[PDB]
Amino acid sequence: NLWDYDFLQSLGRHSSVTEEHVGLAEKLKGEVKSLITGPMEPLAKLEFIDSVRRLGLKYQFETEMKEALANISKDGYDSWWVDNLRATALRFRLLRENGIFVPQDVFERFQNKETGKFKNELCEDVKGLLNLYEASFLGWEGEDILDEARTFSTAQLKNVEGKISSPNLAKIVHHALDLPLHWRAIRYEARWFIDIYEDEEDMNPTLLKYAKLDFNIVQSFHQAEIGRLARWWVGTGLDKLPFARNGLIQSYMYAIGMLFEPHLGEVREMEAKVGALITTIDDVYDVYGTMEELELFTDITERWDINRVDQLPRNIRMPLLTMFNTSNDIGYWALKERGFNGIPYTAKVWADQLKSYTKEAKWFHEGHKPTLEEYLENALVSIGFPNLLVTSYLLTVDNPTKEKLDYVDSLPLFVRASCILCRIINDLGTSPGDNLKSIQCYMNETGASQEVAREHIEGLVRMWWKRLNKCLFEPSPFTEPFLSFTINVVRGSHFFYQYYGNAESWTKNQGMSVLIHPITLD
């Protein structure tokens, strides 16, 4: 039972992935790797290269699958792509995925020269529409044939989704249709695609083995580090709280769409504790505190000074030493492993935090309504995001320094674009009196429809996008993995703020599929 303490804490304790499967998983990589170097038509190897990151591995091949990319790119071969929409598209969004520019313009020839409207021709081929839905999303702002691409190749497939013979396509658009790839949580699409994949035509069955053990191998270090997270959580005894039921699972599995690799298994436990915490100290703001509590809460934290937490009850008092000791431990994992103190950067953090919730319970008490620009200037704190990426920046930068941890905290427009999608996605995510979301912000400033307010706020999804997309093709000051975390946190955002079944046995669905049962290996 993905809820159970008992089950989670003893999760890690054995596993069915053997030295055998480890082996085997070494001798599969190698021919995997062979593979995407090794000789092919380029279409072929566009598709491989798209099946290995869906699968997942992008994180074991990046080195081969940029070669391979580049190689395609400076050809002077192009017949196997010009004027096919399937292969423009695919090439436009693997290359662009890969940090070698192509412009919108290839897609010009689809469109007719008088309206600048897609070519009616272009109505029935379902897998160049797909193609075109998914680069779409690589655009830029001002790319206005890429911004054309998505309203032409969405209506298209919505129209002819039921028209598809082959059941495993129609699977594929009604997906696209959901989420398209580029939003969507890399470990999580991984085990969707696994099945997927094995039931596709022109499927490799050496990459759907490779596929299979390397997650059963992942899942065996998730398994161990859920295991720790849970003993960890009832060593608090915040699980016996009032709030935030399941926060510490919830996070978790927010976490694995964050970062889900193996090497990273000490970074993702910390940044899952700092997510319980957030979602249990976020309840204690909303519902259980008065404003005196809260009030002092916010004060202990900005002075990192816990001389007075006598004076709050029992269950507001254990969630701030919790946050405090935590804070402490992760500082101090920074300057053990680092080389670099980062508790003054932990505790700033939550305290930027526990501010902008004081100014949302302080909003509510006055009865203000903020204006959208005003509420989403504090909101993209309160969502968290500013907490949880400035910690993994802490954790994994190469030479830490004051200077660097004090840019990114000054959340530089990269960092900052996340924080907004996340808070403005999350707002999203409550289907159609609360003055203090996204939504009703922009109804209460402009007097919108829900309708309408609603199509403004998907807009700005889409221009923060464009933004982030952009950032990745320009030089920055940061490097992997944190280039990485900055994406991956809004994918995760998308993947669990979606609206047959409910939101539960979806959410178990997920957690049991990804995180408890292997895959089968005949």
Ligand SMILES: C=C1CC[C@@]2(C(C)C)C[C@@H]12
Second form
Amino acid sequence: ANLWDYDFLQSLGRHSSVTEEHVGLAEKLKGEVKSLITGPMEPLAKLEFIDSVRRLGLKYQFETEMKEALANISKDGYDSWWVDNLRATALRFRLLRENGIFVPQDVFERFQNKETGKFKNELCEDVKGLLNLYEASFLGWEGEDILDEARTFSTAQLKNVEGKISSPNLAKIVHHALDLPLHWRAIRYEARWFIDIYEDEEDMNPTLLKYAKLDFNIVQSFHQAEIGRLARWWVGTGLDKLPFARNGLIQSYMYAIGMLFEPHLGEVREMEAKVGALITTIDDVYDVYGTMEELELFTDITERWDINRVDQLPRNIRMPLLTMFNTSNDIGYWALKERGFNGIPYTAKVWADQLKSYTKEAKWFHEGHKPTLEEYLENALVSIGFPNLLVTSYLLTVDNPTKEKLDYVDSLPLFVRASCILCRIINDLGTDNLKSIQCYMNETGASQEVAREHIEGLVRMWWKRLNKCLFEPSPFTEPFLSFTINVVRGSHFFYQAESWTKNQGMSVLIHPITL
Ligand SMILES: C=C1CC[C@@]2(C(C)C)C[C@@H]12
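Would you mind generating the form solved in complex with this ligand now that we have the form deposited without this ligand?
Entire complex below, previous chain first.
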């Protein structure tokens, strides 16, 4: 049991402690959870149950029932159960907005002083109210000034009352929230954390908890089989023996699990994990290893999709190039075989764009250029690799793929571009004139502190644009809508170190939950 050892990883999938007993039991428990979601409950208890299902990582199992239950609740007429109750108002606001039912920000106006616009100090003691208002504030859109205030008020008040909480479970939950709000957390990682928290909750439903543990283990069995296949592939490429990208395959796979964890998306997840491993490896080629002539040739070969000159590159560069080429061809071919559409033009194109973006960064560094923040981000939203990963994910999943459809996604419309910019700025915040904070410092003369606060403000702004894009009609469908949001959550989760990562990998991918 070592997450960084390829002998161990290549053995995964061979055995699993998940039995067909476990699977029949999961089918019976699923039917009872489904019935609990659709069945009688008081509305606040129903909101709390639905929120728990999501946090345990099970929305993917009960999407239709959860939407059906919230739709019934939203069209009630009776509102005494929530009106004048901050906790209930805030939970309802968030769950309805998460599930495509609009609630206006003015539901919070009654909790503000009419003269200052400030939240009332009498709320400064209601911990679960404050917590629900904090988590709700992240579902806000641009110009929803009450929700911007709700965030700053609830953050300040929670920081002040965290140490006054009596319930150890509630204290842990509030600490967790102040680190990252639930809206920004990666689903699969939050599910493993929350299974242990939920077990200790007063209101805990034992049927739901048992289902959550069983489903967690069943899903984890698919992940172990994928890791096995990917580790055997990676060792096959020989890139594991290369002087750089230490732990690139398993780091990529852990990122991919943030993007998409469901078993039915296993083949797509494996291909996203391959691309991510290659991105990390080639990033090091362009950053540390290659000479400018080597990198110009790598870029030209990729732009032309023409490997005639590849033997001019040294072995440690030639092997990443040809693995990128071969895997891009394999992924485009999977689209032809499985989806009826040859994807090679699109995998080749996004790799050429990505290497051009690396080449521009390398030229800026070589020539001592200081780009503006805007000039930097225009290139760095491509260099982060998410146009590559997201266009690929759309290629593999869209119904009735066409050149028109792939050309639109590849043009990075606002919804997609917002996700790519977020992933770049979150990475950059997770730590040189070529990173977000330093560019803004060069452009404005701001301090590190002030430049960091500006870039944090850009994270909040681009989230508000994503949030609103999801209430708008879209040419996109599931699962691509979810991928776009979930790559950002993956970025937040991994850019908040080697023991923390290993713990996440071992607890989510390697060790089953004890039943
Ligand atoms: C630069 C990045 C951000 C995305 C990435 C992951 C998939 C390992 C390739 C690395």
